[PDB]
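Enquirer: Assemble the complex: chain A is given as a structure, and chains B, C, D, E, F and G with the ligands must be docked to it using the hints.
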Amino acid sequence: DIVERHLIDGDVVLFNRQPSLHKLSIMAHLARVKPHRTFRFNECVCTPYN
Amino acid sequence: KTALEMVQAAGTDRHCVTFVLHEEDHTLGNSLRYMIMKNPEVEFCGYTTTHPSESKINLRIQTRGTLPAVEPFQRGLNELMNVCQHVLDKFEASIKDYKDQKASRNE
Amino acid sequence: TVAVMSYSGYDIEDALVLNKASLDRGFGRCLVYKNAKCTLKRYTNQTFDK
Amino acid sequence: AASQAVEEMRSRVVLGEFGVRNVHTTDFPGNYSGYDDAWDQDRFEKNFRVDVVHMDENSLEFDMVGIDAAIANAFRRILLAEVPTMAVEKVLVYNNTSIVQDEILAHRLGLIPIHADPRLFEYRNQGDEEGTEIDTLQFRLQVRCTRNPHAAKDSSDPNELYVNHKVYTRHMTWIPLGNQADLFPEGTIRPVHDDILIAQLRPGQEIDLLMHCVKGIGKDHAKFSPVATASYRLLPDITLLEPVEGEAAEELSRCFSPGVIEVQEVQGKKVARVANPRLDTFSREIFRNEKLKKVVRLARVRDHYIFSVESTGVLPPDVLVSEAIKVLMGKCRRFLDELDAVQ
Amino acid sequence: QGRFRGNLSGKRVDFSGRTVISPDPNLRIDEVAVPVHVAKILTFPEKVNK
Amino acid sequence: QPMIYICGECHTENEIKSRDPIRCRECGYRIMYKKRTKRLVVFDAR
Amino acid sequence: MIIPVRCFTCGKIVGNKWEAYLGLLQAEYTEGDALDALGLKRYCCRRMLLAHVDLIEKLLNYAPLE
Ligand SMILES: [Zn+2]
Ligand SMILES: [Zn+2]
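Residue numbers (the UniProt record's numbering), protein chains in the order written: chain A, 448 to 497; chain B, 24 to 130; chain C, 740 to 789; chain D, 2 to 344; chain E, 349 to 398; chain F, 13 to 58; chain G, 1 to 66.
Don't read these hints as lab results, they were simulated from the structure. Don't take each hint at face value.
Below, computed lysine-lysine pairings styled on BS3-like, alpha-carbon distance capped at 25 Å [stated by the list, open to error]:
hint	chain 1	residue 1	chain 2	residue 2
1	G	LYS41	D	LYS292
2	F	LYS29	F	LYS46
3	F	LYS47	F	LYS29
4	D	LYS47	B	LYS119
5	D	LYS47	D	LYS295
6	C	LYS773	F	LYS29
7	C	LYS773	F	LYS46
8	F	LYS50	C	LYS759
9	D	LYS154	G	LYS41
10	C	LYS776	F	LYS50
11	D	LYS220	B	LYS122
12	D	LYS220	D	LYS91
13	D	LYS154	D	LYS167
14	D	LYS295	D	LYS270
15	D	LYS270	D	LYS292
16	B	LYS113	D	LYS47
17	F	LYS47	G	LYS58
18	C	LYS759	G	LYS41
19	F	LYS29	F	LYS50
20	F	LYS29	C	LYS776
21	D	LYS295	D	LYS327
22	C	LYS776	F	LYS46
23	D	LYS220	A	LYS481
24	B	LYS24	B	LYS79
25	D	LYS294	D	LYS270
26	C	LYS759	A	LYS481
27	B	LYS125	B	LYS113
28	F	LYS47	D	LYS167
29	D	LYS294	D	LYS327
30	C	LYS780	F	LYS50
31	C	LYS789	C	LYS776
32	D	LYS295	B	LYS24
Computed from the model, here is a short list of chain C residues facing chain G with C-beta under 10 Å [as the list claims (entries may be wrong)]:
hint	residue
33	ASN758
34	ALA760
35	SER761
36	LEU762
37	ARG764
38	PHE766
For every residue, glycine included, the Cβ atom is placed at its ideal position computed from N, Cα and C.
Isolated chain A (complex conformation):
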């Protein structure tokens, strides 16, 4: 059987800024669920995404 579970901690999830000039503009991250509405990541990864 197939259970369509919710996204949970440790899912591999793709993350991408809209204009992509190089391959590092799309990378895969491990999801962690948190209450507030925004997407959040450590600011060391701001330079690849611009």
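Expert: Chains B, C, D, E, F and G with the ligands alone, transformed into the frame defined by chain A:
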């Protein structure tokens, strides 16, 4: 339910343990750290908030000799309680003394 | 009331840290008003929306 | 001398032109050569004193001497966030026809401080939308605005044309639940201020609602905090390294707050001395002057705090500090119980 | 907006989301915070096994 | 029981039950506003 | 629209000073003397009255009435 959980460091026989004080913040953390650091048998003590969304502090204690870290932590709580008991008795004396002086003047 | 300082590391790139007590008292409290409209017409035949 | 520098380093926060120095607390065992900074309850109980220097309605200023920043800041934080009060959480609205939006009106009514003593009430449980005598109060606001049957022909100003065109917090009537009407004498359960504008009306408009005050701490929402502001400052000790005489004494008395430097005549000659360094706000005007940067040592005594607790009216500030100290005693008591439960 | 660029070489895909981004230095560099409202929608088909 | 609508210009009850063209009874204004609900609504004071 | 009940920065009740503040300005106090007479020491409270616009006094003309 439980507010306290103990997480021993992997290599260390009970002289290094992290205390997860639940439903707490910097208010107990910095005050309790101060009383533990006043104990000469403590080597390292310090707290971190795991996340601003989470009301936990990881209080780490490491002790010099063989003594288990539960003993500095318990002495830390008791001495802080005795300080706050003595602060209260002095404060309430000074309020009553101030009110009695002000009522004794201009009468 | 702005303090210009570096606080908590959640303010690396233009992000700004707000005060919870100020927001509770009404700083930045706003209202959003939206429309909804409906038209009931009388047709060429003698019939009508209702 | 090295010893004199160590003593300043462990007892005075010194203020430079470009930054404060000696900020951290250092009197811990093994930080110093000969000093024995281990905990000693008798040395604490000897040095500690409390001096209440001012107190009136809704305000209090007092000095704590011999306590550390890590404990004085705990008292500051409890008074802001962890001392409970009674404040409106639910508003049941019947026929609101004012221009003030219901969500805005409910927010305003939340922030009104209620005179109810919060020790006599319990926390309302999870769920439990009704509540009871033990854990809620109730208020009823009901105002109808109408035209004044008589008015002068000019008719210019609202205060003649209309009646009840301003809603004030005095329109809140307490509605007793259960035996509360006997436990509280009349006038004890009231809004504090008696003059807070809530809405503002025009004739034909009406407000009728029902409030439910419950108990909560200030960490939850900021309408529960009992203090206008609670803060402290370390005490200044501005000291004169060289005697400042002549007409430099006058310009040294203007580089400070208006009551700290006095200029006195000893032989028909003006010499300056520090008189009341408590009143200084440290605007650091002695460093704009070029000749007098090198005769003063702006500093702060580390273990001497000057608390300033201004209450909002729920309960007087001497009871607020006593309640705040008990909360930190209660936090320590709870974890002692769990060390006993595990072991 | 023709077939070859608009619908063949690139195309709209489901199991996708978009939100404002904001900083969080307490996450690791390989992690991303996903809000609960997106996590309840974005499902992954987990095949049932031992 | 009959629906009552409140005139925009003069705040007068018109009771437009019948399928007549919208028009105020006392004045020529042709815009009507519904009255507020009788049922209670509870708001969190936050 | 209408004067806030509490100062955003510290929570002093400034919401009852408004009808006094306009009254003192009829007696030709300056703004800096009028706020000092009401007890607003800190400047975060002072800007509540100093920067306020009394919009509800003007929205209530357009508002419907009998
Ligand atoms: Zn009409
Ligand atoms: Zn203020």
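Enquirer: If a hint holds in the structure, say so; if it doesn't, say that too.
Expert: Here is what the structure says about each hint:
Between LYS41 (chain G) and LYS292 (chain D), the direct Cα distance comes to roughly 33 Å. Violation of the 25 Å bound is thereby established for this hinted pair. Taken as a hint, the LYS29 (chain F) and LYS46 (chain F) pair is honoured in the structure, with Cα atoms around 13 Å apart against an allowance of 25 Å. Pair hint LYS47 (chain F) plus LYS29 (chain F) holds up; C-alpha atoms about 14 Å apart against a cutoff of 25 Å. Simply put, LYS47 (chain D) and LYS119 (chain B) have alpha-carbon atoms about 20 Å apart, close enough for the 25 Å limit, and the pair holds.
With a CA separation close to 37 Å, the supplied pair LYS47 (chain D) and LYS295 (chain D) exceeds the 25 Å bound. Between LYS773 (chain C) and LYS29 (chain F), the direct Cα distance comes to roughly 28 Å. Violation of the 25 Å bound is thereby established for this hinted pair. With a C-alpha separation of about 18 Å, the suggested pair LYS773 (chain C) and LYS46 (chain F) falls inside the 25 Å cut-off, and the hint holds. Of the supplied pair hints, the one linking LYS50 (chain F) and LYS759 (chain C) is violated, its CA atoms being roughly 36 Å apart against a limit of 25 Å.
Proposed proximity of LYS154 (chain D) and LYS41 (chain G) is contradicted: the alpha carbons are some 43 Å apart, above 25 Å. Of the supplied pair hints, the one linking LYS776 (chain C) and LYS50 (chain F) holds, its CA atoms being roughly 23 Å apart against a limit of 25 Å. Between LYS220 (chain D) and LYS122 (chain B), the direct Cα distance comes to roughly 32 Å. Violation of the 25 Å bound is thereby established for this hinted pair. A distance of roughly 19 Å separates the Cα atoms of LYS220 (chain D) and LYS91 (chain D); the hinted pair therefore holds under the 25 Å criterion.
At roughly 22 Å between alpha-carbon atoms, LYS154 (chain D) and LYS167 (chain D) fall within 25 Å of each other, so this suggested pair holds. Of the supplied pair hints, the one linking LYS295 (chain D) and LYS270 (chain D) holds, its CA atoms being roughly 22 Å apart against a limit of 25 Å. Distance check on the hinted pair: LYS270 (chain D) and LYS292 (chain D) sit about 20 Å apart at the alpha-carbon level, within 25 Å; holds. The hinted pair formed by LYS113 (chain B) and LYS47 (chain D) meets the criterion: a straight-line CA distance of about 11 Å does not exceed 25 Å.
Of the pairs offered as hints, the one joining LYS47 (chain F) and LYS58 (chain G) holds, with about 24 Å between alpha carbons and a cut-off of 25 Å not exceeded. With a CA separation close to 23 Å, the supplied pair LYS759 (chain C) and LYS41 (chain G) stays within the 25 Å bound. Distance check on the hinted pair: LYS29 (chain F) and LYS50 (chain F) sit about 19 Å apart at the alpha-carbon level, within 25 Å; holds. For the hint linking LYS29 (chain F) to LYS776 (chain C), the alpha-carbon distance of about 21 Å falls within 25 Å, and the restraint holds.
Distance restraint check for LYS295 (chain D) and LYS327 (chain D): the Cα-Cα separation of roughly 46 Å exceeds the 25 Å cut-off, and the hinted pair is therefore not satisfied. Distance check on the hinted pair: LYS776 (chain C) and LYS46 (chain F) sit about 14 Å apart at the alpha-carbon level, within 25 Å; holds. At most 25 Å may separate the alpha-carbon atoms for a hinted pair to count; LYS220 (chain D) and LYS481 (chain A) meet this at roughly 21 Å. Proximity of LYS24 (chain B) to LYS79 (chain B) is assessed by CA-CA distance (about 14 Å); at most 25 Å being required, the pair is judged to hold.
Taking the CA atoms of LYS294 (chain D) and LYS270 (chain D), the gap is about 23 Å. The hint holds against a cut of 25 Å. This hinted pair checks out: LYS759 (chain C) and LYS481 (chain A) have alpha carbons roughly 19 Å apart, not beyond 25 Å. Of the supplied pair hints, the one linking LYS125 (chain B) and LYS113 (chain B) holds, its CA atoms being roughly 18 Å apart against a limit of 25 Å. Annotation: proposed proximity of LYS47 (chain F) to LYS167 (chain D) holds, straight-line Cα distance about 23 Å (limit 25 Å).
This hinted pair does not check out: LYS294 (chain D) and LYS327 (chain D) have alpha carbons roughly 46 Å apart, beyond 25 Å. Straight-line distance between C-alpha atoms of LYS780 (chain C) and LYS50 (chain F) comes to about 30 Å, which puts the hinted pair past the 25 Å bound. Note on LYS789 (chain C) and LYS776 (chain C): the hinted pairing holds, with a Cα-Cα distance of about 15 Å set against a maximum of 25 Å. The suggested pairing of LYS295 (chain D) with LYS24 (chain B) is violated, with an alpha-carbon distance near 60 Å, which exceeds 25 Å.
Of the supplied interface hints, the one on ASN758 (chain C) holds, with its beta-carbon coming within about 8 Å of a beta-carbon of chain G, less than 10 Å. Nearest Cβ of chain G to the Cβ of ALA760 (chain C): about 7 Å, under the 10 Å cut. The hint holds. A least Cβ separation of about 5 Å between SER761 (chain C) and chain G falls short of the 10 Å threshold, and the interface hint therefore holds. Hint status for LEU762 (chain C) relative to chain G: holds, with the closest Cβ pair at about 9 Å, below 10 Å.
Interface restraint check for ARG764 (chain C): the shortest CB-CB distance to chain G comes to about 5 Å, inside 10 Å, so the restraint holds. The criterion of a C-beta within 10 Å of any C-beta in chain G is met by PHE766 (chain C), whose closest approach is roughly 5 Å, and the hint holds.
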